[PDB]
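Encoded as structure tokens, the following chain is the form deposited in one PDB entry, with no partner shown.
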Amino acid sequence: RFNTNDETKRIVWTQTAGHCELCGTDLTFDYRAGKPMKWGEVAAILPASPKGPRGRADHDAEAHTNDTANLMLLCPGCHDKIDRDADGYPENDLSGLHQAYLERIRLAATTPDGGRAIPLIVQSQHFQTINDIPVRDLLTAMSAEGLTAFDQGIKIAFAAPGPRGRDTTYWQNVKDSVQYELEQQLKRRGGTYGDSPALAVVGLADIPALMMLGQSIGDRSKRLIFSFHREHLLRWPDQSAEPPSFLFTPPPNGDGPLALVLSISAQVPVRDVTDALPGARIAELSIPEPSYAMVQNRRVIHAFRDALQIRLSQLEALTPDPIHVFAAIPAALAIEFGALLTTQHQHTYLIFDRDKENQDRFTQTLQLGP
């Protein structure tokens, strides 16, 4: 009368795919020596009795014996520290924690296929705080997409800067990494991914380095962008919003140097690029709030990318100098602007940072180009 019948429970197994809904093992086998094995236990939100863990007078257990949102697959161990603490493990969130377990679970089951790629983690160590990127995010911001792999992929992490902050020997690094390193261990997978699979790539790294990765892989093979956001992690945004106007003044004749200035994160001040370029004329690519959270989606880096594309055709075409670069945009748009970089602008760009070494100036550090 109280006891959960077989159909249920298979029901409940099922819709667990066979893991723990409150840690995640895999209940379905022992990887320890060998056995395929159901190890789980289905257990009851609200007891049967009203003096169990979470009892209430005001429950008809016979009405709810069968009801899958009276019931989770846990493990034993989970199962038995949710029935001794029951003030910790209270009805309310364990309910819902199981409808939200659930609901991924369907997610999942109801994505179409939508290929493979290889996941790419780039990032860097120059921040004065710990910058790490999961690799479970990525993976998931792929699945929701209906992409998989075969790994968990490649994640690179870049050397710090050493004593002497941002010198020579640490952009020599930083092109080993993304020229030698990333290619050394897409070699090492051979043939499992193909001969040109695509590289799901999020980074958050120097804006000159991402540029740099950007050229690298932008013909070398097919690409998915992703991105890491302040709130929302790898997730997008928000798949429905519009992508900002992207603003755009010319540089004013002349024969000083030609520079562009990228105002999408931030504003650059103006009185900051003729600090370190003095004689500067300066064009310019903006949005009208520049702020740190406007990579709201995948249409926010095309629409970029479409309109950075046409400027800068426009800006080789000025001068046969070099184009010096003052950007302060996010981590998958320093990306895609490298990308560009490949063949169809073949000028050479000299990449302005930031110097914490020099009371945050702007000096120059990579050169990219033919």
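Numbering follows the first chain given and starts at 1. Basically, rigid core = biggest C-alpha set you can superpose within 1.5 Å across the two forms. First, how it differs from the form deposited in another entry.
Of the residues checked (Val270, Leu233, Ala86, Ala266), the rigid-core alignment between the two forms shows a Cα shift of at least 2 Å for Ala86 alone.
Annotation for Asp195: C-alpha shift of 2 angstroms or more between the two forms, rigid core superposed.
Core-superposed comparison between the two forms: the C-alpha position of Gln346 differs by less than 2 Å.
After superposition on the rigid core, the Cα atom of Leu312 is displaced by less than 2 Å between the two forms.
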Given for the second form:
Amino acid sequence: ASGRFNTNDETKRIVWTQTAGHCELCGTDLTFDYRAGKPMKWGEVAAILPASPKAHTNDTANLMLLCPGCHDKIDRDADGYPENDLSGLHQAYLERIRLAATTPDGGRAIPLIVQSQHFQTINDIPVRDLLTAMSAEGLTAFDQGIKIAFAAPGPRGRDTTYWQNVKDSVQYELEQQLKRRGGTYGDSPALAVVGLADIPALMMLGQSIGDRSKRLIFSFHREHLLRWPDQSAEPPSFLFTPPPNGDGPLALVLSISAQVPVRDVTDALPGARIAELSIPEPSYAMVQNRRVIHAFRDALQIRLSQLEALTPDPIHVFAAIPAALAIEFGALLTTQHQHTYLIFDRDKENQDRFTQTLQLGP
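Structure of the form deposited in another entry, given the form deposited in one PDB entry:
Below: the lone chain, stripped of partners and molecules.
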């Protein structure tokens, strides 16, 4: 349409970069020639047009990149300016490109390693291993990682005070690091967390971090370490057997890492009515990727909704589950609603007898 707008080569380079080399009206990639091995004729495969009718109309930011076909459908005056205003559409297009181009700063993250004193001695997880696993997924620490070890219990054992001090220790550290807002919008950083400790302690870590913020669990794997064994693996089916009817105490057995024998459960809890969540082939190596953790939580909560409806009384939990799953179990039970859960764990200093160690509830 009538005239054409003139641009020097420097202006062309600027407009091509801020648009990512696509037509702003149809989205066609105007670098097709290069992708094909043909030389780029930058000034032939694109037209540059001011977005507004004819004193910043020529400022680079108010200049548009269009393919020739879309440029030909634009009515223009003898100077190459549009007759109708496309400023809104153009500024919107630039905004979508910037949001995508700035997405890497959405990775700002706090590293957090939590261990028992025992696994810290036998199987220390250094910050370096968490950082490289974080980096490969786009999660970017900006300061020193938090590396915590759960305090050893005194004579009173792991009583309510012990567990409340654990939760305060973890949350004090997290909140200080979650004040370190940054990036394009001032968002709090993401949390990148790995745990290796007894299952009740790991559930208390889940109680501490919750599941209502940008948070990514990582997992320590005997063979693959902090790297995910297989990003393309599909989560397994989580099989459920419902509890028999009766008045005995309700028990939830989680047979994920291994098959828990019923006799060990009824030894610790006489009269137990066992409901069980299992997978077809229990294995210590089952946490192939993060989706497995998400799938476990989804299946678990579906069944806890059924079990909590069955009775007002506590649900007694006997879990053989991987560490990353134990954290997600704790984080799931952080709504306002609180059913009473009594967590049993095997005491390795008392011939692996299931022992009640933790209570979650109102």
